[PDB]
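Chain by chain, the residues:
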Amino acid sequence: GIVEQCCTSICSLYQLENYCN
Amino acid sequence: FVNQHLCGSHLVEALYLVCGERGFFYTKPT
Ligand SMILES: [Zn+2]
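In order, the protein sequence lines correspond to chains A and B. Residue numbering for the first sequence follows the deposited numbering, starting at 1 and increasing by one per position. Residue numbering for the second sequence follows the deposited numbering, starting at 1 and increasing by one per position.
To be clear, the hints were calculated from the coordinates, so they are not data collected in a lab. You may find that some hints are simply not true.
Unchecked claim - As a list, the in silico SDA-like pairs of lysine to any residue whose alpha-carbon atoms are at most 25 Å apart:
(1) B:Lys-28 x B:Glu-13
(2) B:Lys-28 x A:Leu-13
(3) B:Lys-28 x A:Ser-9
(4) B:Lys-28 x A:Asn-21
(5) B:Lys-28 x A:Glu-4
(6) B:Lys-28 x B:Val-18
(7) B:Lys-28 x A:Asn-18
(8) B:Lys-28 x A:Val-3
(9) B:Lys-28 x A:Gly-1
(10) B:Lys-28 x B:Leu-11
(11) B:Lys-28 x B:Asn-3
(12) B:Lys-28 x A:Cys-7
(13) B:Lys-28 x A:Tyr-14
(14) B:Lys-28 x A:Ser-12
(15) B:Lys-28 x A:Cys-20
(16) B:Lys-28 x A:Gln-15
(17) B:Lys-28 x A:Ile-10
(18) B:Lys-28 x B:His-5
(19) B:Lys-28 x B:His-10
(20) B:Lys-28 x B:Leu-17
(21) B:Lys-28 x B:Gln-4
(22) B:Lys-28 x A:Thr-8
(23) B:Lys-28 x B:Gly-8
(24) B:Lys-28 x A:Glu-17
(25) B:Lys-28 x B:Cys-7
(26) B:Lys-28 x A:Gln-5
(27) B:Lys-28 x B:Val-12
(28) B:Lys-28 x B:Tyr-16
(29) B:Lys-28 x B:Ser-9
Produce the complete structure using the sequences and hints provided.
And the structure:
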């Protein structure tokens with residue numbers, strides 16, 4: 001999920017936005 | 001925006017900031 005992308009790796013605000021509602 | 005590794009509590013604080021009004025969803029660890 002989020003962890004793998006943004007924690008484990010790094011994210012783009014854009015990628016973090018896939019996690020909004 | 002930060003080009004950093006956002007983990008644990010920093011992860012959810014980022015998402016609160018980034019989702020705003022709409023809110024977000026945090027899922028269970030793989
Ligand atoms: Zn910390």
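Now for the hints, and whether the structure bears them out:
Of the pairs offered as hints, the one joining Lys-28 (chain B) and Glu-13 (chain B) holds, with about 17 Å between alpha carbons and a cut-off of 25 Å not exceeded. A distance of roughly 21 Å separates the Cα atoms of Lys-28 (chain B) and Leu-13 (chain A); the hinted pair therefore holds under the 25 Å criterion. A hinted pair counts as satisfied when its Cα atoms are at most 25 Å apart, and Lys-28 (chain B) with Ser-9 (chain A) qualifies at roughly 17 Å. For the hint pairing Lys-28 (chain B) with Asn-21 (chain A), the CA-to-CA distance comes to about 17 Å; that is within 25 Å, so the pair holds.
For the hint pairing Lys-28 (chain B) with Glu-4 (chain A), the CA-to-CA distance comes to about 12 Å; that is within 25 Å, so the pair holds. For a cut-off of 25 Å, the pair hint linking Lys-28 (chain B) to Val-18 (chain B) stands: about 20 Å separates their Cα positions. A distance of roughly 16 Å separates the Cα atoms of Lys-28 (chain B) and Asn-18 (chain A); the hinted pair therefore holds under the 25 Å criterion. At roughly 9 Å between alpha-carbon atoms, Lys-28 (chain B) and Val-3 (chain A) fall within 25 Å of each other, so this suggested pair holds.
Proposed proximity of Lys-28 (chain B) and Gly-1 (chain A) is supported: the alpha carbons are some 8 Å apart, at most 25 Å. About 14 Å separates the Cα atoms of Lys-28 (chain B) and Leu-11 (chain B), which keeps this hinted pair within 25 Å; it holds. This hinted pair checks out: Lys-28 (chain B) and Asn-3 (chain B) have alpha carbons roughly 24 Å apart, not beyond 25 Å. Simply put, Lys-28 (chain B) and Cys-7 (chain A) have alpha-carbon atoms about 14 Å apart, close enough for the 25 Å limit, and the pair holds.
With a C-alpha separation of about 21 Å, the suggested pairing of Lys-28 (chain B) with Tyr-14 (chain A) holds against the 25 Å cut-off. Between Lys-28 (chain B) and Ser-12 (chain A), the direct Cα distance comes to roughly 21 Å. Compliance with the 25 Å bound is thereby established for this hinted pair. Restraint check for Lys-28 (chain B) and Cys-20 (chain A): satisfied, since their Cα atoms lie roughly 16 Å apart, inside the 25 Å limit. Taken as a hint, the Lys-28 (chain B) and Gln-15 (chain A) pair is honoured in the structure, with Cα atoms around 18 Å apart against an allowance of 25 Å.
For the given pair, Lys-28 (chain B) sits about 19 Å from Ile-10 (chain A) by alpha-carbon distance, which is consistent with the 25 Å threshold. For the given pair, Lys-28 (chain B) sits about 18 Å from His-5 (chain B) by alpha-carbon distance, which is consistent with the 25 Å threshold. The straight-line distance between the Cα atoms of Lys-28 (chain B) and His-10 (chain B) is roughly 16 Å, inside the 25 Å bound, and the hint therefore holds. Note on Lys-28 (chain B) and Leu-17 (chain B): the hinted pairing holds, with a Cα-Cα distance of about 21 Å set against a maximum of 25 Å.
A distance of roughly 22 Å separates the Cα atoms of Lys-28 (chain B) and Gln-4 (chain B); the hinted pair therefore holds under the 25 Å criterion. For the hint pairing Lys-28 (chain B) with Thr-8 (chain A), the CA-to-CA distance comes to about 15 Å; that is within 25 Å, so the pair holds. For the suggested pair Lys-28 (chain B) and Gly-8 (chain B), the alpha carbons sit about 12 Å apart, so the restraint of at most 25 Å is met. A distance of roughly 18 Å separates the Cα atoms of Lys-28 (chain B) and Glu-17 (chain A); the hinted pair therefore holds under the 25 Å criterion.
Restraint check: the Cα-Cα separation between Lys-28 (chain B) and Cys-7 (chain B) comes to about 14 Å, which is no more than 25 Å; the hinted pair holds. Taking the CA atoms of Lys-28 (chain B) and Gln-5 (chain A), the gap is about 14 Å. The hint holds against a cut of 25 Å. At roughly 13 Å between alpha-carbon atoms, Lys-28 (chain B) and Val-12 (chain B) fall within 25 Å of each other, so this suggested pair holds. A threshold of 25 Å between alpha carbons decides the hint, and for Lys-28 (chain B) with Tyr-16 (chain B) the separation of about 17 Å falls inside it, so the pair holds.
Distance restraint check for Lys-28 (chain B) and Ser-9 (chain B): the Cα-Cα separation of roughly 14 Å lies within the 25 Å cut-off, and the hinted pair is therefore satisfied.
Checked against the numbered hints above, the structure breaks none of them.
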